[PDB]
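> Listed here are the chains, written in short residue letters.
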Amino acid sequence: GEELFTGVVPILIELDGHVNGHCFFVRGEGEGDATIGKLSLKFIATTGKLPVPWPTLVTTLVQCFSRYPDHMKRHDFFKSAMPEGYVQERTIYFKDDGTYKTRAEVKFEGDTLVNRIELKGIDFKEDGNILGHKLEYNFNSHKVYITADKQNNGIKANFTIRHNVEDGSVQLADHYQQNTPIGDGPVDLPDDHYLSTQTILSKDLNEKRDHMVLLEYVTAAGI
Amino acid sequence: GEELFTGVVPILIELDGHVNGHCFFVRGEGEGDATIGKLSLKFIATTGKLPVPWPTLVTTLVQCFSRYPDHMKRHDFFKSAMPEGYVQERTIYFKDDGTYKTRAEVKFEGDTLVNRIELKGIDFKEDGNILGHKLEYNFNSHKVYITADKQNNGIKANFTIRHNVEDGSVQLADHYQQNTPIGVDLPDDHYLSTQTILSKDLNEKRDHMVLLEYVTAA
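Quick mapping for you: the protein sequence lines, in order, are chains B and A.
If you use the authors' numbering, the first sequence corresponds to residues 4 to 64, 68 to 229, in order.
If you use the authors' numbering, the second sequence corresponds to residues 4 to 64, 68 to 189, 193 to 227, in order.
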């Protein structure tokens, strides 16, 4: 499990989403390097202009690439579930607005790590920050708090994404996460700890499709 | 099963589709009356302008509402699978063009009959009759040939939809169909005689399809 993530690993991401009365599909490719905790990915909206802001999809669009330092490696659930993988389910409550529900499967296909997701959004306000496109194309840094879940032989996670808004205000998004192991074996049930995330969103300037070029760095701590 | 379809029954149709890079979702509502073999419905493209012609959708957007006369009622699979319902899978080959694959679930939710579908289209030519929107807004009448399928305790159907083209050129669509029970009658070889009208509800600015259909078994 652990030693599948030495060296640069290619990544495929696929997101099928329905929000309110809109649909979209977003595919992404790139590479992951868990020794340094880094992702670089390019995402494309194959269905044309996204009906929701790119930043609202970041957390949905592969935490097995977080850097777990030597003393922390006995708490790395994500890598220990591999190669068979895990299911990642979330409910994301945007304050004073709608909700995303998501179900993803993270696993290896050949040497490529693939994250295939379905997303349903409901009860979004028209001309809220989401459907009204009022969110700045930027990302902040967060702590993803992780606790063992014996009931599922799995982990729970909680955290609040802060999404900067046009008006200087901030749009909060409460994430309530659940992960499990697709196959039978030993997945590591960790002490309460967290992931420290940082992310940069930019845009390939000679790409005329709706897209997102991301840069990320994630490391575990808190023990 | 059978006697769930006496009287007018409300219908919900849910359609999710991906076709050559475009996505779309269609919802439809209306009523069905199997005693007369009738099913009026209004469909709406919630995702905006449909990337494919409405008529191609026909044959995917509830055959439990076909009229089976007294002498034919022992051959009505669709109604006998209720209330639990059936899966309806199809492959639709548009001649000299792409292909729709579909998987639907037809079943009762409360007293409403629901048909929830997923549709994948592939290998469509970009300026064909489908992606190029060259099909007239209409429908013709057809025979849906039905044979029992004991391997899957269900039925297999085959028929060819004729879609009129603006250039007085007809676009054929070969339907291969397979129905199984989520929970059953296994019928003699017979068929459904279908008739359909497609219209628009003036005063509606969304992309839509009003449909009237009359179907009887023979």
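Hints were generated in silico from the structure; no laboratory data involved.
Check before you lean on any hint, since a few could be wrong.
[As the list claims (entries may be wrong)] In the BS3-like style, the derived pairs of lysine-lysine whose C-alpha atoms are separated by at most 30 Å in a straight line are:
id, chain 1, residue 1, chain 2, residue 2
1, B, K214, A, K131
2, A, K214, B, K209
3, A, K79, B, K52
4, A, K113, A, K140
5, B, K45, A, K131
6, A, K156, A, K52
7, B, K113, B, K79
8, A, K52, B, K45
9, B, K140, A, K214
10, B, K113, B, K52
> All hints are to be evaluated individually against the structure, with a verdict given for each.
Do the hints match the structure? See the list:
no.	hint	result
1	B:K214 with A:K131	23 Å, holds
2	A:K214 with B:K209	35 Å, violated
3	A:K79 with B:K52	50 Å, violated
4	A:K113 with A:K140	34 Å, violated
5	B:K45 with A:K131	28 Å, holds
6	A:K156 with A:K52	42 Å, violated
7	B:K113 with B:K79	19 Å, holds
8	A:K52 with B:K45	28 Å, holds
9	B:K140 with A:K214	27 Å, holds
10	B:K113 with B:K52	29 Å, holds
Consistency note: the structure conflicts with the earlier hints numbered 2, 3, 4, 6.
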